[PDB]
Amino acid sequence: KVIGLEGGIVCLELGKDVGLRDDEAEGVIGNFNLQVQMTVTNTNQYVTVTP
Amino acid sequence: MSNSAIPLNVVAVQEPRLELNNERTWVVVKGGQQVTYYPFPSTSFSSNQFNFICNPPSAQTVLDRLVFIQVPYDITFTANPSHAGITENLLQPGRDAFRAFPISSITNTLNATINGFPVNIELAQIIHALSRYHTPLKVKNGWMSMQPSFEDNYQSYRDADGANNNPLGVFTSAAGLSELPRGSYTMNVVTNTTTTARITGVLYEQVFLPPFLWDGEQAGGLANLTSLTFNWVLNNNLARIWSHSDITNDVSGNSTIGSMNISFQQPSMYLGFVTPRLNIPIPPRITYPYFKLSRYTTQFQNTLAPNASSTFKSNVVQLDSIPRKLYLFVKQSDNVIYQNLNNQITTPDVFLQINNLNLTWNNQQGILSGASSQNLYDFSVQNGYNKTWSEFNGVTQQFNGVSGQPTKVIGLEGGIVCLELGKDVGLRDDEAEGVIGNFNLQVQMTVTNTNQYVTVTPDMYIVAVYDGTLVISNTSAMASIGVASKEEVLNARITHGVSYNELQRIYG
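Chains as they are written, first to last, in the deposited numbering: chain J, 408 to 458; chain A, 1 to 508.
Nothing false has been slipped in among the hints.
Selected chain J positions facing chain A (Cβ under 8 Å, derived; list incomplete): (1) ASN438; (2) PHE439; (3) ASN440.
It is worth saying that the hints were derived from the structure and are not from the lab. Each residue gets a CB set at the ideal place from its N, CA and C atoms; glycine is no exception.
Excised from the complex, chain J in its bound form:
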């Protein structure tokens, strides 16, 4: 028996693993955009997860 255990929840600090063009830091305003295209797998055996 294969058991689903849970999922990752990644978090990337904005200066740390994103990198920001010079003159940018966690305070500074403003107006930028973000969109996350991300592939995933349902692990749970029993039910269909509508995501």
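Keeping the supplied structure of chain J fixed, place chain A upon it in accordance with the hints.
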């Protein structure tokens, strides 16, 4: 040099094979870093609408001018009884295609709002006559190639079979390095038997209307907008996308196809945004050229054919300001070909052959009135027409070698005159190519139906493009029309730097 009459000035030029000196300056080409493309899938798609509301990423990033959309689609055909039967596949090797350009003529109107003040155009009737007008072979094998792109050149589809330039054939049978026919275009055929066909794929149609550009040649895209958004609406019928041939429909009928239906999925636009680099700053507000084209249209009651002639005039209109140039043609009418759909799928686009055209600018009456139909085809081709003489004035004899079968005459599809409005219409002293206003127009033009079968009620169309400034400064979009003053048009000193040919280069 100073030998003749009034003496001239000497200059010498080196032949190409040798300068060998001149001043050779190394030129570093630079453009901002980060050019990226997004696919904005339309929010609120429907069966009679598409709406793509997308926002510029930073509002400090210039937006490139070419834009296009892609729609996945699905059609089911089915055979009517009678005509029946019937024993051939409902889709035929040489007698079947998309109309060009498909997802265009099908759409009733398109309006994109920038920044946002709306700029919208009429895509159903405008475009089919706008296509002929500015594209060289260089272009019709470039950007224009993403959608079916081969225009109807036979007065009747039935005749075409089987030519080497039948406007809707297989890819094999278009001679090397030329524009293919519209049965070239790729798409899955899930089924195809007698009584049923069913096809699927995806078509890329680029948007027209300024300032988005369908020429290949490019110019600085619109920054610094804060939000833009397109909005189609398609007219009801939707049977206009497909095309057909009479050659298979034969009978007391009637035909093989009637009827069939379409289905769309998630369409999406495709925008592109460069970023300029932090060294070179672009101005806070900035001015763009901007064109608007809007068609005026009469309808008549008189029915003329199969090759008989007559004469027509069109209700006066009052232009606010001189269009920079206007087009005029008589096409087969709308009131027909929107009934009993077999007509919709089997009538080509083509216009009737012109005999002569006299028109009136403000108060003049009878302009051009004595210019031979031949002499109308001289301009354009000087404003960029692009079809051989025999195509304009469409008629073509082609005879049969036996005793005794009379020679067969085909309509070769008619012509469409475009007269650039200062270039060869002439305007009173101190009147520019676009100043307010306001001057009547009235087009009196005799025509002949050259299509062998059958009769046709016609309509007249006259599409006038105006030339306005448009200043997009965030976040306002003022758009003054008639930019030059009547006093400024007198004594605006001529220049010898600019070439007029370079201005007719910038479409348009």
